[PDB]
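S.K.: With chain N's structure known, arrange chains H and I on it following the hints.
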Amino acid sequence: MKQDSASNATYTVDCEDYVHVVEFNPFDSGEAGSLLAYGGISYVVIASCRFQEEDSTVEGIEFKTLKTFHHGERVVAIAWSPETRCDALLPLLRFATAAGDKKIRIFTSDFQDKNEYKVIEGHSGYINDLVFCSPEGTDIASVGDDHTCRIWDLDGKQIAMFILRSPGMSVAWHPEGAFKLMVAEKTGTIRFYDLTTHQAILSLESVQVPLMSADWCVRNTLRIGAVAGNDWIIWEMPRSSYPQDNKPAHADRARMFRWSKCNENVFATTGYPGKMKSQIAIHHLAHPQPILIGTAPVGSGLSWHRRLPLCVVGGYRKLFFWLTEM
Amino acid sequence: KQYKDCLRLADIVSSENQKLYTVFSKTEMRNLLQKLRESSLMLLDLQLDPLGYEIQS
Amino acid sequence: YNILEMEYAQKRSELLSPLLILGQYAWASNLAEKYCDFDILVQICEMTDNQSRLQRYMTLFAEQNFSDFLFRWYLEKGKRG
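So the protein sequences, as listed, match chains N, H and I.
If you count by PDB author numbering, then the first sequence holds residues 1 to 326, one letter each, in order.
If you count by PDB author numbering, then the second sequence holds residues 860 to 916, one letter each, in order.
If you count by PDB author numbering, then the third sequence holds residues 816 to 896, one letter each, in order.
Here chain N stands alone, though its shape is the one from the complex:
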């Protein structure tokens, strides 16, 4: 008989609420303490997280809830503005949220003075994903089960339309910002739209149904990884129109593909927690087998640390941290 690899989370944070979604910052906001946002039916919490590296004043993990908002809805998706900033006396935090009401809320916070949200017209169905398609956070690109890519201003006015022949699941702003908008569709296709001319500049073609998630390399925008069917795939644009790397992602239904925001070769594909506890597998480039695999009783939402290789998954009353080091 044989067993492959599994382990308990490197860190674990207790919770009095379930974690539907939990995410760090894609770009640094100017804070040593890593900002972390997690949402649920009852509460949505922004906090600063620290794990011990220096000083004996910090033991294990220190989690300081910066603020907690009373909620009454299951959070569907959250996207911060790619303009990341927390260095001021009253740092300004800007992001977009989707709820079960098929609506878009532009939530903004001014650090212990006010918290606001705007009502933005949503999709005929649920909005699958959404990003801020502007490098400062004024325009929002949203894609949902209605095969419409909708670009909205801060007012809630629909700036632009891109029609799809299949429900658009994934939308991605250029992390640096060049009017480039990545579109990932369930069949497995990738389409790059130029927001200035409202047309596709490039496309990656695949037919492996279904596509579940995708991720640029934060350190290599030209490198794209994804999860489709059961396997993680990789393109290196613009020299690809069909997948060039294709290796299994999980024994489980791979749900999200994410890139570690410290390196150019570290990524994660998450397994689906169906009958069996969710598998979490950190791979490496030029090494088909994942370097690390852990087990989580419930797996929903996976993220990577802003500047370091840590992958996070939130579940029932628990928040599991995997510190991937070399």
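No wet-lab data here; the hints were simulated from the structure.
All C-beta atoms, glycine included, are put in the ideal place defined by N, C-alpha and C.
Mixed in with the good hints there might be a few duds.
[As the list claims (entries may be wrong)] Under the rule of at most 35 Å between Cα atoms (straight-line distance), these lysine-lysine pairs were calculated in the DSBU-like manner:
| # | chain 1 | residue 1 | chain 2 | residue 2 |
| --- | --- | --- | --- | --- |
| 1 | I | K826 | N | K275 |
| 2 | I | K826 | N | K64 |
| 3 | I | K826 | H | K860 |
| 4 | N | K67 | I | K826 |
| 5 | H | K860 | H | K885 |
| 6 | N | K275 | I | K849 |
| 7 | N | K277 | N | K318 |
| 8 | I | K849 | N | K114 |
| 9 | N | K247 | I | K892 |
| 10 | N | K103 | N | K67 |
| 11 | N | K67 | N | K157 |
| 12 | N | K277 | I | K892 |
| 13 | N | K157 | N | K277 |
| 14 | N | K275 | N | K180 |
| 15 | I | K894 | H | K885 |
| 16 | I | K849 | N | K247 |
| 17 | N | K318 | N | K275 |
| 18 | N | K180 | N | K103 |
| 19 | N | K186 | I | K826 |
| 20 | I | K894 | I | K826 |
| 21 | I | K894 | H | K863 |
| 22 | N | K247 | I | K894 |
| 23 | I | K894 | N | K157 |
| 24 | N | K64 | N | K247 |
| 25 | I | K849 | H | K860 |
| 26 | I | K849 | N | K277 |
| 27 | I | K892 | H | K863 |
| 28 | H | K894 | I | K892 |
| 29 | N | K67 | N | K102 |
| 30 | N | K157 | N | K247 |
| 31 | H | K894 | I | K894 |
| 32 | N | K318 | I | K849 |
| 33 | N | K157 | I | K892 |
| 34 | N | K277 | I | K826 |
| 35 | N | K318 | I | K826 |
| 36 | I | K849 | N | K64 |
[To be verified] A short, non-exhaustive set of chain I residues, derived as facing chain N with CB atoms under 10 Å:
| # | residue |
| --- | --- |
| 37 | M821 |
| 38 | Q825 |
| 39 | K826 |
| 40 | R827 |
M.R.: For chains H and I alone, kept in the frame of chain N given last:
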């Protein structure tokens, strides 16, 4: 147990203000580098990279 | 053929995890050596600290890429010394 100082001996030798490098034959400095290997080894067994007080990998 | 082989591989991996969680060291060793499984024999033989069978399996599977998983599991277990 202060192997960090054993490792700083490398820089002290490297000092060209006193040119300690030239007066070493191949065997002498090979014994020296293996001594440095041994000294680095104990701190490295303490789960710390030999490049700085913290880890570099 | 390779699809069948790989799928067979993961499936019996999950099939065979539970009693590995539960113990039964001698029988685990017997079956795993009978069907030639390197990593499982590794991790059992070091949580039993039996370096002797460690070498014997390394000798047996020198051509079977034992040392890769040896280095790996060493790395995850932080005895890089």
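S.K.: Does each hint fit the structure? Answer for all of them.
M.R.: Results for each hint:
Among the hinted pairs, I:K826 with N:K275 is consistent with the structure: their alpha-carbon atoms are about 15 Å apart, no more than 35 Å. For a cut-off of 35 Å, the pair hint linking I:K826 to N:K64 is broken: about 42 Å separates their Cα positions. A C-alpha spacing of about 50 Å is found between I:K826 and H:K860, which places the hinted pair above 35 Å, so the restraint is violated. At roughly 45 Å between alpha-carbon atoms, N:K67 and I:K826 are farther apart than 35 Å, so this suggested pair is violated.
For the proposed pair H:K860 and H:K885, the alpha carbon gap of about 27 Å is at most 35 Å, so the pair holds. Of the pairs offered as hints, the one joining N:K275 and I:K849 holds, with about 31 Å between alpha carbons and a cut-off of 35 Å not exceeded. Distance restraint check for N:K277 and N:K318: the Cα-Cα separation of roughly 14 Å lies within the 35 Å cut-off, and the hinted pair is therefore satisfied. Distance check on the hinted pair: I:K849 and N:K114 sit about 68 Å apart at the alpha-carbon level, beyond 35 Å; violated.
The straight-line distance between the Cα atoms of N:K247 and I:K892 is roughly 26 Å, inside the 35 Å bound, and the hint therefore holds. Note on N:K103 and N:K67: the hinted pairing holds, with a Cα-Cα distance of about 23 Å set against a maximum of 35 Å. A hinted pair counts as satisfied when its Cα atoms are at most 35 Å apart, and N:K67 with N:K157 qualifies at roughly 30 Å. A distance of roughly 23 Å separates the Cα atoms of N:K277 and I:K892; the hinted pair therefore holds under the 35 Å criterion.
Under the criterion of a C-alpha separation no larger than 35 Å, the hint pairing N:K157 with N:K277 is inconsistent with the structure, at around 43 Å. Proximity of N:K275 to N:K180 is assessed by CA-CA distance (about 39 Å); at most 35 Å being required, the pair is judged violated. The hinted pair formed by I:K894 and H:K885 meets the criterion: a straight-line CA distance of about 32 Å does not exceed 35 Å. Under the criterion of a C-alpha separation no larger than 35 Å, the hint pairing I:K849 with N:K247 is consistent with the structure, at around 29 Å.
Distance restraint check for N:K318 and N:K275: the Cα-Cα separation of roughly 19 Å lies within the 35 Å cut-off, and the hinted pair is therefore satisfied. Restraint check for N:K180 and N:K103: the C-alpha separation of about 25 Å stays at or below 35 Å, so the hint holds. At most 35 Å may separate the alpha-carbon atoms for a hinted pair to count; N:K186 and I:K826 meet this at roughly 27 Å. In summary, the hint linking I:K894 to I:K826 is supported, as the alpha carbons are separated by about 31 Å, within the 35 Å threshold.
Distance check on the hinted pair: I:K894 and H:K863 sit about 20 Å apart at the alpha-carbon level, within 35 Å; holds. Of the supplied pair hints, the one linking N:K247 and I:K894 holds, its CA atoms being roughly 30 Å apart against a limit of 35 Å. Proximity of I:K894 to N:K157 is assessed by CA-CA distance (about 59 Å); at most 35 Å being required, the pair is judged violated. Proximity of N:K64 to N:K247 is assessed by CA-CA distance (about 39 Å); at most 35 Å being required, the pair is judged violated.
At most 35 Å may separate the alpha-carbon atoms for a hinted pair to count; I:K849 and H:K860 exceed this at roughly 47 Å. Restraint check for I:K849 and N:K277: satisfied, since their Cα atoms lie roughly 30 Å apart, inside the 35 Å limit. Taken as a hint, the I:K892 and H:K863 pair is honoured in the structure, with Cα atoms around 25 Å apart against an allowance of 35 Å. As the CA atoms of H:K894 and I:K892 are separated by approximately 27 Å, the hinted pair is consistent with the 35 Å bound.
Of the pairs offered as hints, the one joining N:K67 and N:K102 holds, with about 25 Å between alpha carbons and a cut-off of 35 Å not exceeded. Proposed proximity of N:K157 and N:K247 is contradicted: the alpha carbons are some 42 Å apart, above 35 Å. Distance restraint check for H:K894 and I:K894: the Cα-Cα separation of roughly 21 Å lies within the 35 Å cut-off, and the hinted pair is therefore satisfied. With a C-alpha separation of about 41 Å, the suggested pairing of N:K318 with I:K849 is violated against the 35 Å cut-off.
Taking the CA atoms of N:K157 and I:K892, the gap is about 55 Å. The hint is violated against a cut of 35 Å. Distance restraint check for N:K277 and I:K826: the Cα-Cα separation of roughly 15 Å lies within the 35 Å cut-off, and the hinted pair is therefore satisfied. With a C-alpha separation of about 29 Å, the suggested pair N:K318 and I:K826 falls inside the 35 Å cut-off, and the hint holds. For the hint linking I:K849 to N:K64, the alpha-carbon distance of about 53 Å lies beyond 35 Å, and the restraint is violated.
For I:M821, the interface hint holds, since its Cβ comes within 10 Å of a Cβ in chain N; the closest pair sits about 7 Å apart. Interface hint at I:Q825: satisfied, since its Cβ lies 5 Å from the closest Cβ of chain N, which is below the 10 Å cut-off. Below 10 Å, beta-carbon pairs count as interface contacts, and I:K826 has one with chain N at about 8 Å; its hint therefore holds. Interface hint at I:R827: satisfied, since its Cβ lies 7 Å from the closest Cβ of chain N, which is below the 10 Å cut-off.
Checked against the numbered hints above, the structure violates hints 2, 3, 4, 8, 13, 14, 23, 24, 25, 30, 32, 33 and 36; every other hint is satisfied.
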